[PDB]
Each structure stands twice: as structure tokens, then as C-alpha cells.
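Here you get one chain, nothing else, as C-alpha cells; it is the form solved without the named molecule.
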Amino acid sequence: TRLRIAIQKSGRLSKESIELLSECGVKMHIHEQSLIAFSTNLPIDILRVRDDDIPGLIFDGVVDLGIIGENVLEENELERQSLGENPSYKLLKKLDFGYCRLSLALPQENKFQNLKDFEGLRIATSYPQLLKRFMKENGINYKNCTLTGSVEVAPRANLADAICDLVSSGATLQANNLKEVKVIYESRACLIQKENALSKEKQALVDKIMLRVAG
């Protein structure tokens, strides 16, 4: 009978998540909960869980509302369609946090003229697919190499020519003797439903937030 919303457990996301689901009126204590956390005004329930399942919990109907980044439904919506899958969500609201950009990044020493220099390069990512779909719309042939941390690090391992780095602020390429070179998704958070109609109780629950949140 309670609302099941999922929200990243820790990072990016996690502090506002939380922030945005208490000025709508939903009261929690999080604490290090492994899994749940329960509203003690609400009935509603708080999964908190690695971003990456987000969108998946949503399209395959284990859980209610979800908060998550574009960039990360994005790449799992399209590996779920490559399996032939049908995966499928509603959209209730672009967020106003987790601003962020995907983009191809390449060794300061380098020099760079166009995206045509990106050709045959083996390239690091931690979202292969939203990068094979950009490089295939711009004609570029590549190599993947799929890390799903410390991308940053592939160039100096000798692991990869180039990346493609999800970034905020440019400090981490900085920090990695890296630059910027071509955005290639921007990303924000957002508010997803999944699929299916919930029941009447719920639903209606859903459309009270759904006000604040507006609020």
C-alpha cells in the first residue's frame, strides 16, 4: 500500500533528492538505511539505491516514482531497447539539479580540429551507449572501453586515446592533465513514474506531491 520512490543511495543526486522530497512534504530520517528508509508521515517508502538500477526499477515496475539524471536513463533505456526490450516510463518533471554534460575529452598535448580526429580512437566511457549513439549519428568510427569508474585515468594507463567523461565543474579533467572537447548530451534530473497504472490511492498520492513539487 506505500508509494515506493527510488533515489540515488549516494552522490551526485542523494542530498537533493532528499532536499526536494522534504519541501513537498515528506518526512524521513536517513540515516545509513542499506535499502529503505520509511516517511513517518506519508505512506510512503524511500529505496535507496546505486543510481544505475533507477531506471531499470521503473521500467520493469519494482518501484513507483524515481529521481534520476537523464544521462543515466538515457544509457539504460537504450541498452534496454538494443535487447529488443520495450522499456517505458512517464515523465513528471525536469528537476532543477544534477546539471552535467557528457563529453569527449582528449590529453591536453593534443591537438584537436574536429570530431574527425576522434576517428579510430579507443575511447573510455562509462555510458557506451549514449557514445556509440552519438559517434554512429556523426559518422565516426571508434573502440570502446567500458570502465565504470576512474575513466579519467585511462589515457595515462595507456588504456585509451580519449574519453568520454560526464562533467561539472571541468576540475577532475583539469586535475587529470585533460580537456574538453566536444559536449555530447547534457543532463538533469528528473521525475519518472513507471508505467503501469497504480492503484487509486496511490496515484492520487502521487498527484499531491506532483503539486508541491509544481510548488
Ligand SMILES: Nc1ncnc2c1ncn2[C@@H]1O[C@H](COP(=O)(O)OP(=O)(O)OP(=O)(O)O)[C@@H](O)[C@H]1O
Given for the second form:
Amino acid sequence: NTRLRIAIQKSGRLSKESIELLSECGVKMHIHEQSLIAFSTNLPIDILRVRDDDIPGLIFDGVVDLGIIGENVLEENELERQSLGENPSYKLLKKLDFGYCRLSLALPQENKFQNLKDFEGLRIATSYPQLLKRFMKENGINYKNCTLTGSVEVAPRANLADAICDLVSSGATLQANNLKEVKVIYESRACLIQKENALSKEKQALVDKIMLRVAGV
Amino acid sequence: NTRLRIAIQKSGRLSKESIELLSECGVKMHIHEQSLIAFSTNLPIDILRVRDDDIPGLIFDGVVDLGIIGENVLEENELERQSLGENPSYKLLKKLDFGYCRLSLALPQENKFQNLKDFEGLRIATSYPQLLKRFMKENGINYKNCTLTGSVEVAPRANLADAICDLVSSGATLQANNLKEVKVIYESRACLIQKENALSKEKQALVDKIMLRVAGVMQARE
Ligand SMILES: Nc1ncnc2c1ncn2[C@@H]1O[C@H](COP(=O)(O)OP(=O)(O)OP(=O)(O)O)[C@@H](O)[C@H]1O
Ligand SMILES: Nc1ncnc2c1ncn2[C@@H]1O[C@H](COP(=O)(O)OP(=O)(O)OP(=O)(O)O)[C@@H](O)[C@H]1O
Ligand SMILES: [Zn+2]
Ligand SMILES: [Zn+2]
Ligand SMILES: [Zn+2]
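Having gone through the form solved without the named molecule, I am curious about the other one (the form solved in complex with the named molecule); can you provide its structure?
What follows is the whole complex; the chain from before opens it.
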């Protein structure tokens, strides 16, 4: 249809700043508890509120025009799609001023970390199995996977794993679980991305305008 | 690492009945409602309480010994793993008497369904993209995919997709969203599975004991 589709995180760490950025680019809308879609009141724009993990896929499959997502989630999902034999593509428009975090290897507080080789043959729990797999291959370290979507930091205490690969900024969660960060494998921020296949002149024009305004802020 | 590990859904449509099946089979336990780990108080068993989507991976990777999971989630993740060039493997111990649901192609109620080839070219929203992909390749209908983890039934109303492939039980939600069920592609129930690699003799003996009890419990509940 005529309206531009912009996917953002429904509720989590990027939601507040995604909405703030959209407001500053002249997109007026009301966010309440709409399950999926919020309609801009001043421009022909639909805001899709989704789980963050779905946003790369929506961009790859051409379902939405624009997307605001963390680079970690984007790349996790690109790698998955590549390992399926697919050719995911997207246009990067801008790296943004929020969503700063890093994906790091971590061990229990009372361990003797000398070297990356100390991870050899360990069981490593993570929500980012593709990112971890690529890092370990690149550095020639063999390991055992444990994929968990939540409570990753509880995995060593639960005896499910010897170590974790998790997102960190402040270190507070690691500290709470008596773990210590030992090696960063990936640095991330929020980015604005666009699908591959060409937008309408109507829609592309509207994107260029928002983009002009994005640069402004 | 010698306590038997069993993964179950932490909170959701299988969580209550998984815990109750365990109690019915004589596994006494205390649960702290927000926590990943719980322990049997009378048997050497850890109960790991996780997101259901993680259970098949945990079994395939040998991280736990047993799991209770919907057949739909098991199959979707098996297909995913196979399409990634992996070799996911598990033992099916038992099909269980709860978790009944079905995965169904569905269209707006105000919409003429003559034929399964009506889906040709349609954008289809789903949480089960591998299961959809297999069914559509098998039947020869081409389509465009839209993967959504939740709110799938709202996608047509939101003009993200023309049709959905949706998990339903009662069938009430679809009516609520002004959509009609036109073709079942998968029928699911809860199952009990075990990892591929052999358990120690003592742990396999505990599993054999649990299995006899599950069969008796299931007889008694008819
Ligand atoms: N401590 C942090 N500070 C800033 N940004 C973070 C931090 N941790 C994670 N992020 C970024 O924000 C994104 C969303 O984080 P959040 O914890 O809300 O994800 P989620 O729980 O997977 O969300 P959803 O419910 O949509 O699945 C992460 O993928 C990452 O890009
Ligand atoms: N009416 C139903 N709709 C969806 N799933 C159902 C239904 N009835 C039974 N189930 C079963 O319950 C499983 C759990 O789905 P649930 O609705 O609890 O939410 P979820 O988001 O999958 O849970 P989690 O938070 O663990 O990811 C399904 O995958 C399926 O096997
Ligand atoms: Zn309002
Ligand atoms: Zn997420
Ligand atoms: Zn789930």
C-alpha cells in the first residue's frame, strides 16, 4: 500500500530511543499497547512493533521498508540465513547513537583465565550461537554449544555450562551472577536499515526526507 | 554431572501439565517461580525451566537428558537444524495426552476459498517458517514468507501479509481476528524425548522407571 512500513522493538532496550528518534524526524504517532501496528497521525507511515529478533528477517524478506535494530541481532540473523543457503541483503542507512553494548565471553569469578585457549572443549551458553560459532572458528577453539534465549547468566550455576557468551554494558548482571568478563567478541550499536528491492518514488522520497532529518538530529 | 536433567517449559501452555505429569509420576519437587533451576526432593533429578523453543536444541546438543515439548516446536527446530547442515538427533519416548493444537493455513473470513492454489503468490505470516516451507514445497505452491514470533493473527489486519500459518487449539482467536481456518498442515501434542547418546546405566534405569509410571498415569487418566 501507500504507507511506509517501519519496524521497531515493541518492548525492550531499543524501544524508547527508537520512538524518540522517529519523533525528532517529524513522525507523530501514539504508542500505547498496540499489539502490532501504530499509525502515524501526520505522515503516511506505519510503525510495526515487533520482537527484535524478527526485524532482520522482515527486512530480508521485503515485508517492511525500514528497520531499527542492534547490529548483534542483525548479524546473528544474517549468518543463520547464510547457513541456510540463502542470500540475505539489506541497505545500511545509518549507525545510530544508542544501543551500545558488547558480546563477551565470561567465566566464573574463581577461575584462572590465562588465555582464549582456556575455553578449549568448554560448554558455552549463549543466545547468539552463530556469532559465537564464527568467532571460535576464526580463532581455532573447539567448544560445545548451549543455546538459551533467557537466563544465560544462570547457566554455569545450573550446571548447564562452563562459561557464557553474553551481552554486557555496565557489567552489573555479570557481577550479580559471580561471573567475570574475559574477552569481547563483538561490539554493537543500533542501526537503521532498509530493504534491498527498490522503493516507490513516493516511498523513497519519503525515506530521503526522514534521512535528511536523521542527519539533522 | 550425575543427576538426571529434564527440561520443561517455564511458563506457558505446557508448563502446568508438565509439572503435574512429573508429580503424577512420583517426582516431588519445590519450585521457586521465577528460577531456571528446580530440584526433585525425593529423586536425583534437576528440572530446568526454560523457554519452550530452547528445549529441542538442549536435547540435540546433549545439554539435558529428557525434555517435554510440543511436536510442532520439536519438528520446526529439527528442520531448522537440518537446513543448517547439522544432524539433529533424539529419541521419542512417548506421545503425551496434552498440548493438543494444530498448525493451520488461514485467510480473512470475508474471502473466497476455492482451492489450496489460492495461496499462490500470497505473503504468509507465521512463527513456523520451516514447517510452512516444507508443506508448500511438497504441494508445489509458491509464496512469500513473513516470520513473526508473536501477534501472527494481527498481520493481515495490519497489511503485513495476505494470509497466516497459525497455531490454534480452541480456534477462538481466529474468529476474534476475523479469519477462517482453511487447511491443517500439522497436528501436534506434547511429547517426551531423550538425547541421542547413551545414558549411564543408573540414569537409564531412572528413565525406564519414569516411563513405566507415565504409561500407568496415562491409563489412569482415560
Ligand atoms: N546493557 C545494554 N545497554 C544498551 N543496549 C543494550 C544492552 N543490552 C542489550 N542491548 C541492545 O538492545 C537490544 C535489545 O535488548 P533487550 O534485552 O530488550 O532484547 P530482548 O530481551 O531480546 O527483546 P525482545 O523482547 O524484543 O526479544 C539488544 O539486542 C542489544 O542490541
Ligand atoms: N492454542 C495454542 N496456541 C499456541 N500453542 C499451543 C496452543 N495449545 C497448545 N499449544 C502448545 O504450547 C506450546 C507453547 O506455546 P505458548 O503459547 O506457551 O507460548 P510461547 O511463546 O511458545 O512460550 P515461551 O514463552 O516458552 O516461548 C506451543 O508451541 C504448542 O506446542
Ligand atoms: Zn492515542
Ligand atoms: Zn530478542
Ligand atoms: Zn515459544
